[PDB]
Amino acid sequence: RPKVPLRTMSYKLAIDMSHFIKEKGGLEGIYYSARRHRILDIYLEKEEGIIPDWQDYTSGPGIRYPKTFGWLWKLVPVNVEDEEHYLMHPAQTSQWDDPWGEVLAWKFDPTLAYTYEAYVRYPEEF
């Protein structure tokens, strides 16, 4: 089977794929990091032809909501490293990737198929 042509992520793709990933036991509870964000981007690009322009989240401290409606994986802060360790070793926590220094974890939330929380809460970020 050849690779499918690239495409943007529609909200239907977002909902279908989020549930599929959820069902197959991915992402839930895993620590968020810039690297893992990119790994996710790359996996779906080279496996579903998804252009990596869909994975964006809201900024302020606390829960980060996906800015692509239909994507059901938000970032939840975890309650829990010095900068030099961050540079020289691949620490996989968002402590230093995150502008607000919170450690974030992926959480599945299906109400994100019902409410575009990012848009309704943080319009300025669009």
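The term rigid core refers to the maximal set of C-alpha atoms that superpose within 1.5 Å between the two forms. Positions refer to the first chain, counted from 1. What changes on going to the form deposited in another entry:
- When the two forms are overlaid on the rigid core, CA displacement between these two forms of 2 Å or more is confined, within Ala34, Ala91, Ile30, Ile51, to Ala91.
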Contents of the next structure:
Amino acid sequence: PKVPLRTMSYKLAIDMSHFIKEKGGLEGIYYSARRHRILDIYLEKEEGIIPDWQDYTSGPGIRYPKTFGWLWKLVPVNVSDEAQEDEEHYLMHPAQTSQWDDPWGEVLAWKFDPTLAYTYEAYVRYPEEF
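So the form deposited in one PDB entry is up there; where is the form deposited in another entry?
A single chain, with no partners or molecules, comes next.
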């Protein structure tokens, strides 16, 4: 039936990290609050993961996942050339995020990082965010 709820432990975070990768992964997909909550619902629905686990550090640059074992961090994506990323947008995806949705103005995309299983960067670098 429905998977019983369970919190994302360290081992579960790794297994879910690879489960999402095997499902195609999130590489290079642009981050967003809506995509964030969609990811949350996907793991509750298919795997019963209580969705109190997906959070990222806030400083500029890499946004490290605050649950240790989650291997999908956020990275800033480089400036889009004036020509022709705006014509590309009109042509294909006319509905764009505003970069100032992020407090640092940075456009964020998911990136996979296996080393995040061996260093809890979020807590090692920014303990004050806990």
